[PDB]
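Below, in structure tokens: the form solved without ligand AMP, a single chain.
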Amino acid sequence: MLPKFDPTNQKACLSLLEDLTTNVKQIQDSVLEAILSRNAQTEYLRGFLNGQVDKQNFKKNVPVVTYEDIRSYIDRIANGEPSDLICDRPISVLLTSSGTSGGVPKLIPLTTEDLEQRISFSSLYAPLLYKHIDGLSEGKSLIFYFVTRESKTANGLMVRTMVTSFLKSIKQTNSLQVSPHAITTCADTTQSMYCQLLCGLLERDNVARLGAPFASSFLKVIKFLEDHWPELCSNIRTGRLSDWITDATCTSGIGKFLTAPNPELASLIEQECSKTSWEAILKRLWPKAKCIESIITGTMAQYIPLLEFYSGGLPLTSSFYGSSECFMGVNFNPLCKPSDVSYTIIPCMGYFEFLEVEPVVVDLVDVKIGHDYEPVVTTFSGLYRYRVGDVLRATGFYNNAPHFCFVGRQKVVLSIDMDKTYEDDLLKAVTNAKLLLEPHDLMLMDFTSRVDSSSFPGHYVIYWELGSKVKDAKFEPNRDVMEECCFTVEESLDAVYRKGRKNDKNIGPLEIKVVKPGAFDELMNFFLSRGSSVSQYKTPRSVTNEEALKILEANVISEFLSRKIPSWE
């Protein structure tokens, strides 16, 4: 647990963060003893430990598990069995996660104490942000987030996202500009995005930070602005909400900010939105914002160049490393280069072990710099030695606390037969290849992929949506550069792929298909119409569903094949 502290006392908060990252071994051992002692009579723990609370019996007798191994406990609680199947405290909500098992979202128990500890630690960490980001304390955080539905279990437990649970709790015991639909559901995402942007624009002079779950989340906001800014501004000029907004939360709530006709504010926003280039639009619309906070690591690293284009120099920050299962780390250097983000594990948030990636698990303090690990977390909400499914690389120490860079999920995205191409390798390959377009004033906006086993020999298909700065005439890549892009992806894949191409002969030439602009919004709307969470949506890096494939296939303009065979010993 975390000690009592004054969140208004910035020096006391920073001094506590130093303590927390210095006494790492002692805090970890304290956390473990507390979890094992308090949960000793749960059905889950007693079956393995029979009352022991010492670390060595823990390591010997408690198995390392995945969500698949423990799902039955969660389902039984969802059906009405008591929280003490897994936890000595009541389960207050189930969290719907991104990442599945299988093929639905994981449902993760959360206790009220765990939730308040996470909120507590967030207020412990904000003074560091304020110390690093001048002016951040001077205004509000405009957070682009909304929820379109929620549910409850058979026994009546609420099912929510972690963000909603986080916001709802700090709201119930208090600086944030958050949409009326971050907590209260609205099925119409058009109404919810409209009201949230209207509020954000009305409050633009009070906004010190922009936030969203992911880097790509901002592109959906910007796309909506491109289509609807004149109507938004018209509402600001007249002080009158457009009458097609029927959602009761927006219509009853909007009067708080839409207080009177404001022609001058409307004209200011129109002046920015009517410019040809939307470069720096985010800073121009929110000129007092001090940073843009979202996940920019892993798959989201792909959107950094485009988000920086819209950012006008606002630093892109990624402050937090966490999951439904556990809040895990923070960035002690929030203004670092987005490519240099590392997260320091916070020892009081759980007991953290690490599985070497390449059966061998080490304690947090025994991690090896430069080696890859999957976190194995033991928590205060009924998870014990639970595999989180991320791969982190240990990069150093903040005081005595290891810090890690996010490598990726552990996920095969493409496989013709014995080739198993992982998401992190495909991402690095596409990163290498898309660089070749920079001399031609072209940018890769998004991509996905599929295995084409139709014919003779199977091969990878990568779908590329391209854009540029010229809105005046057609843009198009020459075939020579596209063909070298194909090769550069291939040369970046692993030895099994490359041996397949050069030696084995069972893998054919990689293919890049350029899709028309808007292809990846059509793809997204396809998944949304089938129940995907809007706020948790990420472009999947490969697609198998036949209706999504048919969507990508009829957006295809040009196709290109690698003309060179990749190298391999």
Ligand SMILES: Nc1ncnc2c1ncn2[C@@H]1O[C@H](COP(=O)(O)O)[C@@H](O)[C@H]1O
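Under this definition, the rigid core comprises the largest set of C-alpha atoms superposing within 1.5 Å between the forms. Residue numbers count along the first chain shown, from 1. What changes on going to the form deposited with ligand AMP bound:
Superposing the rigid core between these two forms leaves a single residue from 372, 188, 390, 308 with a C-alpha shift of at least 2 Å: 188. Shown in the overlay between these two forms, fitted on the rigid core, is a CA shift at residue 516 of 2 Å or greater. Superposition on the rigid core between these two forms places the CA atom of residue 543 2 Å or more away from its counterpart.
Core-superposed comparison between these two forms: the CA of residue 17 stays below a 2 Å shift.
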Second form
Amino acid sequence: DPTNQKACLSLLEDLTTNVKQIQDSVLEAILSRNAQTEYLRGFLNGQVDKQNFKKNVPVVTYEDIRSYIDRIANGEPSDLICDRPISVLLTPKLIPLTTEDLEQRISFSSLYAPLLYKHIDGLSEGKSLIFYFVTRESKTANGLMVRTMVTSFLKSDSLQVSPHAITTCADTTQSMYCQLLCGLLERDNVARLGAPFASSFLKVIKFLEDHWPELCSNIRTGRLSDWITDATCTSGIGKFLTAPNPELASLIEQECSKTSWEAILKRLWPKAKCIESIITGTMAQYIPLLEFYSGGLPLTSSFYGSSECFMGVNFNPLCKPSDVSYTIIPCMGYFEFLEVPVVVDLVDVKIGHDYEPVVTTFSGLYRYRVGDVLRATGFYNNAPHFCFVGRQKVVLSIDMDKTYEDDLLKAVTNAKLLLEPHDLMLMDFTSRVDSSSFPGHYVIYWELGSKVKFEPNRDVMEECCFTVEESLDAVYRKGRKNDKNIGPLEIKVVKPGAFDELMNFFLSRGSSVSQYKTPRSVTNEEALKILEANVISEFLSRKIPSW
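Having looked at the form solved without ligand AMP, could you now put up the form deposited with ligand AMP bound?
A single chain, with no partners or molecules, comes next.
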């Protein structure tokens, strides 16, 4: 929060030690400044203490305060919800952001950065090759900016391989190509690789897999592709491309031509010391693929965050992906936790319990529920750990059964092992409820790839079906064995890149390449048309689970 430079910052130690006191001061400030705002005044008539806050300010989801956002979106002053002015709305839910909040988030990334260098060796020797892409932005009925967390961040170079001109290119395909082409030219000075999310990084790699001949023609030739037409991208890359380089292009041609893409990330960027991308929550689905390309590079997730709030860091970057735990940053805002009618302070949180973060914010959110489940796993200093379980919203439900993101993540994780004996792997997956049969049943869509022209093994695929069911909750398995209101589960296999076509579908509906996440459930009849369109084979569970 205050004034840190870039010598040594033991603030990391103060923040994580005076947690109880730093949190009381954050709450004291929000209630004090915002005491005269329509939202906060209505519940507390100028009261500024925690005990009145916990009695009379309700714990809310996004629905409840949408009217306030819509009003500000529609030109009413920021004092409905926020003292300071509202700099942007972020993206279909729109979240108010204030400059001062934005700059606090960025300031924290700077102060956290010396911790990374101590923990992973040689991170300081070179620049990052981390892929961000901006999104087309809007403006309200009045002139309020509407943007993306990534886009908002980016509007603000020393340590990135890619010149700012290029990452800010309006066209994300051209920018990916060009960020790829700069990082190839500068492989010798790349000390890490990344993207915000594991899946976004894999998207880039796939791109490299399908566009590495043209990249390498461009390096030999020394002349750019004319698929890339934006002036910024073209001018911006002149500094990088310069003189023809046949030996490097041959050196790259050598790695991409091989029969396996195993360890390609180590072979292309031999000096990279880690891969930075989020591998928690749904993003654990992509660890097997990432590990396969990593060539033993460590996988590090460091940040847990949201439009609403910047919550926690991984103070243990080099750990098992299966053991990441994020430490709530006590000065980002006032954190409560709803066990899962009991809500609890950051300090009172009990280890091994599942909570949903409930935040109060410097940009107009009061006791706001984030929509995620966390499990308290311990303390970094005096500051609590949590591990990410999943989004807290049911993903599938035929009737009484409720399946959540995590227990479906587990059930697929368990099941996809039975694939791995024939060098086959589950690329991505999603689901829906089929109310068309009587009884209804679950449907999982599996896109298979391989580490190498293959066909699903029918006997294996029906044990994949069974293994999902067997991992689901007692209420499901009882529906199937006893109540007979749940039909045999079904896995549909989809053409490769079916999931990319699902993605592009949601991009043309306002989503962002950088912030995208594959839905583990799909109701949008929109997206079902695509999924069924890419279906090749279907299998059913032939055994009945047990309960």
